[PDB]
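Could you put together the complete structure from these sequences and hints?
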Amino acid sequence: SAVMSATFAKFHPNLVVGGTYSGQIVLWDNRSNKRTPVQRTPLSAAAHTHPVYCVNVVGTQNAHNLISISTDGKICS
Amino acid sequence: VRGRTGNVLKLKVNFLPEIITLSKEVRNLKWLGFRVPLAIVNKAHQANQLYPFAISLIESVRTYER
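Chains as they are written, first to last, in full-length UniProt numbering: chain Y, 333 to 409; chain R, 725 to 790.
Be aware that a few hints might be false.
[Unchecked claim] Below, a list of computed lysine to any residue pairs in the SDA-like style, where the Cα atoms sit at most 25 angstroms apart:
no., chain 1, residue 1, chain 2, residue 2
1, Y, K406, R, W755
2, Y, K406, R, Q773
3, R, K748, Y, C386
4, R, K754, Y, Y385
5, R, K748, Y, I407
6, Y, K366, R, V785
7, R, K754, Y, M336
8, Y, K366, R, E789
9, R, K736, Y, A334
10, Y, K366, R, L781
11, Y, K366, Y, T403
12, Y, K406, Y, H382
13, Y, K406, Y, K366
14, R, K736, Y, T368
15, R, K734, Y, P374
16, R, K754, Y, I407
17, R, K767, Y, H382
18, R, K748, Y, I401
19, R, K767, R, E742
20, Y, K366, R, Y788
21, Y, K406, R, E749
22, Y, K342, Y, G391
23, R, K748, Y, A338
24, R, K734, R, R790
25, Y, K406, R, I782
26, R, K748, R, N738
27, Y, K406, Y, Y385
28, Y, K406, R, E742
29, R, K748, Y, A377
30, R, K736, R, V725
[To be verified] Derived CB-CB ranges, DEER-like:
no., chain 1, residue 1, chain 2, residue 2, range
31, R, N766, Y, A378, 24 to 30 angstroms
32, Y, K366, R, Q770, 33 to 39 angstroms
33, R, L733, Y, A334, 24 to 30 angstroms
34, Y, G391, R, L733, 48 to 54 angstroms
[Said to hold, decoys possible] Chain R is nowhere near these chain Y residues, computed Cβ spacing over 10 angstroms in every case:
no., residue
35, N362
36, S364
37, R367
38, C386
39, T392
40, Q393
Since the hints were made in silico from the structure, they are not lab data. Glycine is no exception: its CB is placed at the ideal position from the N, C-alpha and C atoms.
In structure tokens, the structure reads:
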């Protein structure tokens with residue numbers, strides 16, 4: 333999917349994540365034998381409807397909260 | 725239908741240009757809520773509710789065909 337604002341992952345440099353245009357967020361892992369995202373988000377009601385413009389990390393590895401801001405007026409930490 | 729050697733035909737979702745128009749409707753309504761007719765608002769409500777499910781179907785078609 334068209335990933336928008338694929339930011340880092342605190343204490344996971346190689347486990348890069350990214351919000352998409354579809355409304356889902358994708359988590360890649362270069363060291364998981366798949367450059368394609370290993371942790372994809374389904375496009376159900378739990379995720380976002382409108383495009384996810386800003387996925388971003390909040391807190392260290394203890395509280396690895398990944399807020400994925402979308403254009404729906406709905407975000408997902 | 726697909727145009728290549730062997731005359732194959734692939735899968736498809738009927739929401740390909742709707743994603744752009746839905747973005748236009750959402751920006752034109754939250755930005756200022758211009759003099760847009762209610763028919764367009766009905767199209768936005770009938771297609772934005774399908775938009776994540778529609779692109780998920782697009783994901784199913786793209787990954788299935790890939």
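Here's how the hints hold up against the structure:
1. Proximity of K406 of chain Y to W755 of chain R is assessed by CA-CA distance (about 17 angstroms); at most 25 angstroms being required, the pair is judged to hold.
2. About 14 angstroms separates the Cα atoms of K406 of chain Y and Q773 of chain R, which keeps this hinted pair within 25 angstroms; it holds.
3. Straight-line distance between C-alpha atoms of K748 of chain R and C386 of chain Y comes to about 19 angstroms, which keeps the hinted pair within the 25 angstroms bound.
4. For the hint linking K754 of chain R to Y385 of chain Y, the alpha-carbon distance of about 16 angstroms falls within 25 angstroms, and the restraint holds.
5. Proposed proximity of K748 of chain R and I407 of chain Y is supported: the alpha carbons are some 21 angstroms apart, at most 25 angstroms.
6. Our distance criterion of 25 angstroms between C-alpha atoms is met by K366 of chain Y and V785 of chain R, whose separation comes to about 20 angstroms.
7. Restraint check for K754 of chain R and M336 of chain Y: satisfied, since their Cα atoms lie roughly 21 angstroms apart, inside the 25 angstroms limit.
8. Between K366 of chain Y and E789 of chain R the CA atoms are separated by roughly 18 angstroms; this keeps the pair inside 25 angstroms, and the hint holds.
9. Straight-line distance between C-alpha atoms of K736 of chain R and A334 of chain Y comes to about 18 angstroms, which keeps the hinted pair within the 25 angstroms bound.
10. With a C-alpha separation of about 22 angstroms, the suggested pairing of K366 of chain Y with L781 of chain R holds against the 25 angstroms cut-off.
11. This hinted pair does not check out: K366 of chain Y and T403 of chain Y have alpha carbons roughly 29 angstroms apart, beyond 25 angstroms.
12. Taking the CA atoms of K406 of chain Y and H382 of chain Y, the gap is near 9 angstroms; set against the 25 angstroms cutoff, the hint holds.
13. A threshold of 25 angstroms between alpha carbons decides the hint, and for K406 of chain Y with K366 of chain Y the separation of about 29 angstroms lies outside it, so the pair is violated.
14. A distance of roughly 22 angstroms separates the Cα atoms of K736 of chain R and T368 of chain Y; the hinted pair therefore holds under the 25 angstroms criterion.
15. A C-alpha spacing of about 23 angstroms is found between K734 of chain R and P374 of chain Y, which places the hinted pair at or below 25 angstroms, so the restraint holds.
16. Restraint check for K754 of chain R and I407 of chain Y: the C-alpha separation of about 17 angstroms stays at or below 25 angstroms, so the hint holds.
17. Among the hinted pairs, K767 of chain R with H382 of chain Y is consistent with the structure: their alpha-carbon atoms are about 15 angstroms apart, no more than 25 angstroms.
18. The straight-line distance between the Cα atoms of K748 of chain R and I401 of chain Y is roughly 19 angstroms, inside the 25 angstroms bound, and the hint therefore holds.
19. The straight-line distance between the Cα atoms of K767 of chain R and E742 of chain R is roughly 10 angstroms, inside the 25 angstroms bound, and the hint therefore holds.
20. At most 25 angstroms may separate the alpha-carbon atoms for a hinted pair to count; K366 of chain Y and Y788 of chain R meet this at roughly 17 angstroms.
21. Restraint check: the Cα-Cα separation between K406 of chain Y and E749 of chain R comes to about 18 angstroms, which is no more than 25 angstroms; the hinted pair holds.
22. Between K342 of chain Y and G391 of chain Y, the direct Cα distance comes to roughly 8 angstroms. Compliance with the 25 angstroms bound is thereby established for this hinted pair.
23. The hinted pair formed by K748 of chain R and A338 of chain Y meets the criterion: a straight-line CA distance of about 24 angstroms does not exceed 25 angstroms.
24. Between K734 of chain R and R790 of chain R, the direct Cα distance comes to roughly 11 angstroms. Compliance with the 25 angstroms bound is thereby established for this hinted pair.
25. For a cut-off of 25 angstroms, the pair hint linking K406 of chain Y to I782 of chain R stands: about 22 angstroms separates their Cα positions.
26. Taking the CA atoms of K748 of chain R and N738 of chain R, the gap is near 18 angstroms; set against the 25 angstroms cutoff, the hint holds.
27. Between the alpha carbons of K406 of chain Y and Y385 of chain Y the distance comes to roughly 11 angstroms, so the proposed pair stays at or under 25 angstroms and holds.
28. A hinted pair counts as satisfied when its Cα atoms are at most 25 angstroms apart, and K406 of chain Y with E742 of chain R qualifies at roughly 21 angstroms.
29. Of the pairs offered as hints, the one joining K748 of chain R and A377 of chain Y holds, with about 22 angstroms between alpha carbons and a cut-off of 25 angstroms not exceeded.
30. Distance hint between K736 of chain R and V725 of chain R is fulfilled; the C-alpha atoms sit about 9 angstroms from each other, no more than 25 angstroms.
31. The hinted range of 24 to 30 angstroms is satisfied by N766 of chain R and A378 of chain Y, whose Cβ atoms lie roughly 26 angstroms apart.
32. Against the hinted window of 33 to 39 angstroms, the Cβ-Cβ separation of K366 of chain Y and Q770 of chain R comes to about 36 angstroms, which satisfies the hint.
33. A hinted range of 24 to 30 angstroms for the beta carbons of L733 of chain R and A334 of chain Y is consistent with their spacing of about 26 angstroms.
34. Checked against the hint of 48 to 54 angstroms, the pair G391 of chain Y and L733 of chain R passes, with Cβ atoms roughly 49 angstroms apart.
35. Under the 10 angstroms C-beta cut-off, the non-interface status given to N362 of chain Y relative to chain R holds; the minimum distance is some 20 angstroms.
36. Every Cβ of chain R is farther than 10 angstroms from the Cβ of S364 of chain Y; the closest lies at roughly 17 angstroms, confirming the non-interface assignment.
37. Non-interface status of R367 of chain Y relative to chain R is upheld: no Cβ of that chain comes within 10 angstroms, the nearest being about 14 angstroms off.
38. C386 of chain Y, annotated as away from the interface, keeps every beta carbon of chain R farther than 10 angstroms; the closest lies near 16 angstroms.
39. Non-interface call for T392 of chain Y relative to chain R: holds, since the shortest CB-CB distance, roughly 31 angstroms, exceeds 10 angstroms.
40. The Cβ of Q393 of chain Y lies farther than 10 angstroms from every Cβ of chain R, with a closest approach of about 30 angstroms, so its non-interface assignment holds.
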